[PDB]
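Chemist: When you get a sec, could you build the whole thing from the sequences and use the hints?
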Amino acid sequence: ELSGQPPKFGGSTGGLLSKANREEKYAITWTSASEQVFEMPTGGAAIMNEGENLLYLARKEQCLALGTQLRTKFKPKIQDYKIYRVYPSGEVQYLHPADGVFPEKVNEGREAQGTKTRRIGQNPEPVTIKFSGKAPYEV
Amino acid sequence: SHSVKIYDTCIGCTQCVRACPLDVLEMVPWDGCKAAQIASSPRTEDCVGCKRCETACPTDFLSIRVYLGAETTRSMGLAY
Amino acid sequence: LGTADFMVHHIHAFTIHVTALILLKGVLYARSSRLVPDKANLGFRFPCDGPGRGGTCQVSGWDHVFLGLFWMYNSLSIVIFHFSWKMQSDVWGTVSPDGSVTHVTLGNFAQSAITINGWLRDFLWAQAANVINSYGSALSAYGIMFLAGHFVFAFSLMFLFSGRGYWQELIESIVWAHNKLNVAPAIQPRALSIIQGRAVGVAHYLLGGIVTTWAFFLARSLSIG
Amino acid sequence: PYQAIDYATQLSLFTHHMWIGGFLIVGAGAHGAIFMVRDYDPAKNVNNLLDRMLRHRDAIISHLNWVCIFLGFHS
Amino acid sequence: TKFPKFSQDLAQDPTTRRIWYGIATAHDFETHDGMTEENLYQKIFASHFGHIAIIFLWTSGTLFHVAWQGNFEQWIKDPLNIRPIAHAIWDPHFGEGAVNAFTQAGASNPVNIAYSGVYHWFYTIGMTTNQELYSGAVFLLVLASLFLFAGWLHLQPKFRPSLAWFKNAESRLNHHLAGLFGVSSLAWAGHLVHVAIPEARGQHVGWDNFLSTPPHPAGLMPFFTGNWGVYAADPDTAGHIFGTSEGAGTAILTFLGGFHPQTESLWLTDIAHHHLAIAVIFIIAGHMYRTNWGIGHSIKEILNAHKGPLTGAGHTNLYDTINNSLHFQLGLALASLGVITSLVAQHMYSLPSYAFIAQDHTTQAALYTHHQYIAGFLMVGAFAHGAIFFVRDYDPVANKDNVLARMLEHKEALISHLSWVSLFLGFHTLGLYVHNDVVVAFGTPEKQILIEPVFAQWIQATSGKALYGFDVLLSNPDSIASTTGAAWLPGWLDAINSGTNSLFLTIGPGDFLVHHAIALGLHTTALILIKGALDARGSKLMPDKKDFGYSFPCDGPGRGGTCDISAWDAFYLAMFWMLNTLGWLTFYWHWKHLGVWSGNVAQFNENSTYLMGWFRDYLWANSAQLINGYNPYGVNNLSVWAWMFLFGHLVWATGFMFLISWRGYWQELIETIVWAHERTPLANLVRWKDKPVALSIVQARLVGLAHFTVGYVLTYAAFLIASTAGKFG
Amino acid sequence: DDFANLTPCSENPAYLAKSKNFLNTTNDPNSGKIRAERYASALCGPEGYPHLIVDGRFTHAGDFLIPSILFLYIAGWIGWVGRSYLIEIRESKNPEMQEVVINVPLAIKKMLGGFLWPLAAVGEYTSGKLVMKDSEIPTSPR
Ligand code: CLA
Ligand code: CLA
Ligand code: CLA
Ligand code: CLA
Ligand code: CLA
Ligand SMILES: CC1=C(/C=C/C(C)=C/C=C/C(C)=C\C=C\C=C(C)\C=C\C=C(C)\C=C\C2=C[C@H](C)[C@H](O)CC2(C)C)C(C)(C)C[C@@H](O)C1
Ligand SMILES: CC1=C(/C=C/C(C)=C/C=C/C(C)=C/C=C/C=C(C)/C=C/C=C(C)/C=C/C2=C(C)CCCC2(C)C)C(C)(C)CCC1
Ligand SMILES: CC1=C(C/C=C(\C)CCC[C@H](C)CCC[C@H](C)CCCC(C)C)C(=O)c2ccccc2C1=O
Ligand code: SF4
Ligand code: SF4
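Residue numbers (my numbering), protein chains in the order written: chain B, 711 to 849; chain A, 31 to 110; chain L, -7 to 217; chain U, 46 to 120; chain V, 291 to 1019; chain G, 33 to 174.
None of these hints come from the bench; they were simulated from the model. Be aware that a few hints might be false.
To be verified - Below, a sample of chain A positions facing chain L; criterion: calculated Cβ distance under 10 Å:
(1) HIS32
(2) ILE41
(3) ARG48
(4) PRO51
(5) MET106
(6) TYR110
Using N, Cα and C, we set each Cβ at its ideal position, and we do this for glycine too.
Modeler: Below you can see the structure in the form of structure tokens.
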């Protein structure tokens, strides 16, 4: 399961809401080499524990913003952070990184998705597919 | 959710992937450009439609487009 | 001070608290927010974050300042209007040798300033006679300026109500026109940026409104003895 | 001397300096946000007054919004 | 969630936006889930039935309320001294002063005063008693019921029309020209001859005795034997008194021309011959297109035959384009209807048809303003739905090289030259106005640039006006055109030369300036609409706009920023220019007619050449009574108009909040409010079913434009009605 | 016998009554009198102000024609010198820099040559380099 000590924080009013306990939340875990201070994506600053740190957030964008801050705002670069999605039923779904390799670099084994084999100027006219349930890009 | 489509004018500059804040895009090997890599959108269910990927694309017009469709909680970026 | 003074002072309180709300929200949420968690990385002056998340127009601190300028204008306009009318109605005037005091507007503030129609009729329409009838005299330079104030304000609405895509397309067509005659400029013309469009709109708006009020006040005060 | 007897001078001076003050206050509200975006450093502002500004700001804005709405209505 | 059932994308939205967009896309049958063409056409047919029934119910309600709480029988005894009554007032929120103020027009209770000018219409068409009005209201109720049942019926499976039936242009044109237009006009002429004219000549005729009262002493004999002139002998003399037998003639079809000496309106017999002649012409026109007997033209061959060496393919394949695209037809119909509505206003303020309606100035002004605003709205809608057609139903390959596709070939030239003409008008018109204002303000009003409207005065002379002394065509008695023995000339020349009517009003430099300003406004609004319609397909900034639909927010801040880039946004921008142009038009009309009615044409003539005169002599001057509707000293009958004036001045300003402030600010504020609600005790027991979100960008633009337009219309209507009622009413 | 609704200002009672009180525009005290005598030639309405007629007749050519040629010559001068300067700049390896920092020698040299703009314009139109071909101009997608 998820393991980690929460960072030393005084709390804030910009944290979680009823959505986390009703719909879903997100978690981020990372090993800090040394204790230091980082900016909470919800506002304020928090001291993160040395070793493994675990943090709960409300949106995936907030978790990824925190991950970018960790990767770019500390001289010892934090590269091991993992972002999971936490369901109210207790199931934990691992989100980022998808395969242990950052998406910014090409890794063998990934499958191309959403890729079209034509230029954007070769899309069909709407009048040829009207009264269908599709869109020019979808066909 | 929104639809992110990538066309064959991509040159594997990875700018769209880096500009994505919600980690929707990725890089997959290709053979149509010098970089031998093309962008991919395997996690479009998390996309919000901020168009940063379109803003970062260097090719003429865009090799990547975002069409805003059905709005979900994730797409609308709601924290409540 | 009567009922009207109470109402106007609390109106001032409302306007000031609203302007404070706008500016304080701009300062507090400048770094980030629930909608945008990394706003500070975009900078202080950025137009938007895109149509994602339902639409993220005017989330920067600069846009909060741009919105607070209008509310400051409204609050200060109400303040100066209250001062002018109250001074004319219950303070200024003339003193007869008998000792009686005849005020400029015969003390109509206490009975008219309790309705919006009172402000429209007994203050704006009533006291605008001295500026609209200024033509042919030394005060005509005010009347002209008065109309000038009513113009730029309207002009500003053509920047605040519209967006830059339409103007960019129109500039594309006009560039085609100038290209047909081989007179196209080397410096490619582009429509104003979103931030610049907002700034131009608010600037011309404030200019027009303030010039209108200045001309009205000067033409009124130079004619009440 | 004679400033009160000249109604035009009174009105002009009052309105002019009032507008100047309003513009300056708006500029304060602007450049404060500029500082917050640029020169704010969370490392040196742990659990100080600024941090607790950023940590109960939502209550501030909500209560301020309520008072603004209430004043607007009941005025 | 169930609503909206026609779009599963919206139905799965957790936010309140689903409630908004569901309303917005409700009547857009094309984009509904699982929609076929046949179902689309059948649903449109039923909806059109519904709108027709609604129109009939509205007319019936007008008739019924006028009959019930009006003073129609009292008004006909003195049309020039009694105010018509619209409907009674029942407001528990009223006070004693309002009750005393609104008890007007001789009524015994608070009541309104009608300004739709329907009393004059009912008097002219023949109805004179309350029972007739009641019978008309009941009959219109029955008609609405019949049309509603028809809409239900032609929706059942055994009666749903086929798709081939809908796409039958020739039969529809034949039936709707010979039958809908010609037969209705002929029936109206028969109503005027059989009922309206005898009623106006004193002889009462109704359903009880119209079967035994011949409209003419010689019944059907001269008509069938070719001796038609019998029906034109013995017209109504100049001494005829409307509704009586004093000076009444016996002719039922005349060509008198001009106006009635007493009612200052057109002769009824002239209307009879007019509608009869146009009925004959329409019936002839309705026998043109081939349907089932071999004879008749076919639209496709006519369109494909009119080619040209300069336009390329000419009008080829246009038949399919128009028939297969409902938006093309809607745009054509809207443009035609807007032009016709403008024509109705222009030819109805100057050529009144109803008795004693030219002396009721308030109703004339209201009618002109109303129908002109309707025409402006329709003209905007035509271009909007044409842009929609270009986005959706335009097939480039089918229309290859014809006029439709060739428009997009020189669209840049269109927009360029239209921008040039708009700028050329605006620059040198505002320059002249500002020059006159500055020079007048400097105490030297004699250096004003005053240009005589030479061409318009020449046209007036050619139509017969002899004031300008041009002596051309109908103004020249020696010319052939004035020596043809036309039966209308002696009356028409008498009517136009009189200065007691609006027939070809005298003009001066101010009218020149304001007509050129109106031209500027028309060309600029057309520029916006045309540019949006042509760029809807795509442009340099967005080469693939068609893939993004007709109405989309933007393309993000990238590529330099793309705010207001959709064609919907072009329509949104053009609406403001439409409103401004209508404001200029109506201000000019109202000020000119105020001068005409009061007899003080000199005020307008002197002061309309500089903008300060417009500001002071029209706005400041005529607002004196409006704003005094309710006073610290009392309340008069204009109180409601003052209240609505302020109401419009408020809604107009409220629109600015949506037009200026944009989404992100309100979204963050709503975040804070959501947190506050969720953290408050005794309030967490209640939770929203739909997550509250800020209004979308396009929705915000639409809402701001709606508040803006409502405030604009209400403010101007209140000001116009109050000013005219106080001055003359 | 045209303009029966217009009268010469010389015998217009309103203009004559109001012309003795014309304001002096400049420091010269005779400016009012000069304006009064010069405006007596034109046509006045009942309001006493002069009017202009632009139907095309040469009797009133002073109202619109003479100023029309006067303005058109200057406008053509400005447009031609601007276009020629732009075209010459276009081949200097940095046209934009010379667009913000004006090449004053070349600018004035083109200024002094603009009085022959109609002859230059017709020569350019005949030579075919005044107007570009539609196939050589960028256009937005249809
Ligand atoms: C002592 C006063 C003071 C000082 C020193 C500064 C200093 C600064 N401000 Mg600031 N500001 C002030 C007052 C002040 N401000 C006030 C009162 C306001 C509220 C309106 C602002 C609002 C403000 C914003 C919104 C921004 C700044 C920015 C800046 C920075 C420089 C960029 C800039 O504005 O230059 C460029 C200046 C201009 C382009 C101004 C020229 C155009 C003006 C508006 C025309 C004014 C028209 C005039 C009043 C009437 C003319 C009429 C006409 C017909 C002739 C700099 C740190 C910018 C920043 O972020 O930098 C860090 C920025 O974005 N300021
Ligand atoms: C507190 C303010 C107030 C209120 C509540 C009213 C209320 C009323 N006035 Mg009134 N009035 C007021 C102030 C007020 N007045 C003032 C200050 C003046 C000036 C002195 C007047 C002058 C005045 C006159 C002259 C008349 C009235 C009339 C009326 C009545 C109209 C009946 C009605 O609304 O049904 C009809 C309801 C509507 C038309 C609804 C329109 C508004 C909605 C929002 C539009 C619908 C939008 C949308 C499609 C709704 C969807 C469906 C919905 C169920 C969700 C009503 C009792 C009239 C009357 O008594 O005759 C009946 C009348 O002739 N008033
Ligand atoms: C004689 C046969 C006949 C007649 C009378 C009609 C009549 C009508 N058809 Mg129609 N139709 C016909 C045959 C006929 N059809 C055939 C054969 C077909 C199949 C090919 C169709 C297919 C068809 C379709 C598909 C539709 C219609 C519709 C309509 C209605 C449109 C409303 C309208 O125009 O009235 C109002 C307008 C007028 C009466 C004339 C317009 C006004 C004129 C131009 C100018 C104004 C005159 C005057 C100055 C104004 C009055 C002033 C006064 C108030 C003071 C109308 C009732 C529509 C509908 O749904 O209706 C149910 C529709 O969608 N028709
Ligand atoms: C014959 C008339 C006619 C018809 C049949 C249509 C039909 C259509 N139009 Mg169209 N249109 C028309 C006239 C018409 N239009 C005119 C005159 C204009 C100019 C304003 C437009 C402008 C227009 C635009 C800009 C768009 C359409 C669209 C559409 C399509 C679907 C959306 C829609 O209309 O429903 C939905 C309609 C609404 C939700 C309107 C509700 C707004 C209400 C009526 C405002 C009421 C104000 C308020 C109540 C005032 C209160 C007053 C109180 C305070 C006293 C549909 C095919 C849309 C499209 O492209 O779809 C394909 C679209 O984007 N039309
Ligand atoms: C009074 C307000 C006002 C004014 C003057 C304009 C003026 C203009 N609009 Mg605009 N517009 C307005 C309000 C206004 N708009 C509003 C509220 C809307 C709704 C959003 C629009 C929507 C709109 C659209 C959608 C379009 C326009 C277009 C135009 C141009 C058309 C040319 C024209 O009409 O006259 C000619 C122009 C003028 C007379 C204005 C110039 C006046 C100045 C004073 C000249 C002198 C310059 C001055 C001395 C500079 C001093 C600067 C220094 C002091 C700092 C013009 C620039 C169209 C366009 O671009 O056409 C090419 C166009 O596409 N506007
Ligand atoms: C040459 C030149 C250029 C280019 C110029 C170009 C390309 C011009 C192109 C022009 C075109 C294509 C068309 C022009 C049409 C002109 C028309 C239609 C003129 C109409 C004139 C009328 C209607 C005269 C009207 C009456 C004429 C009469 C004399 C009286 O008054 C009365 C009155 C006003 C009625 C620039 C722009 C590059 C630079 C300029 O400096 C010079
Ligand atoms: C884009 C588009 C569209 C739209 C457009 C529009 C909307 C248009 C409009 C247009 C218009 C709106 C037009 C108008 C026209 C008019 C005219 C053209 C008129 C004419 C007239 C005349 C010619 C007259 C003459 C005369 C006189 C003057 C006097 C004597 C007698 C007579 C009759 C001879 C559509 C949908 C279609 C299609 C698609 C695309
Ligand atoms: C009209 C308009 C434009 C087009 C306007 C442009 C391109 C500005 C053109 C300015 C001209 C070139 C100069 C006028 C202003 C100068 C300051 C004048 C200086 C004068 C002295 C030299 C004497 C936009 O780009 C825009 C963008 C976003 C929202 C609204 C709008 C908008 O409304
Ligand atoms: S930014 Fe554009 S070109 Fe670069 S990798 Fe992404 S899609 Fe390809
Ligand atoms: S409308 Fe303009 S400001 Fe708003 S999201 Fe789109 S590009 Fe950004």
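Chemist: Next step is simple, just say for each hint if it's right about the structure.
Modeler: Hints versus structure:
1. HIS32: At about 8 Å, which falls below the 10 Å cut-off, the nearest Cβ of chain L leaves the hint on A:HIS32 intact, so it holds.
2. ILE41: violated (23 Å)
3. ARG48: violated (13 Å)
4. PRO51: OK, holds: A:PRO51 within 10 Å of chain L, min 7 Å.
5. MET106: Hint holds; A:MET106 Cβ to chain L Cβ min 5 Å, cut 10 Å.
6. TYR110: Result: holds, 8 Å to nearest chain L Cβ.
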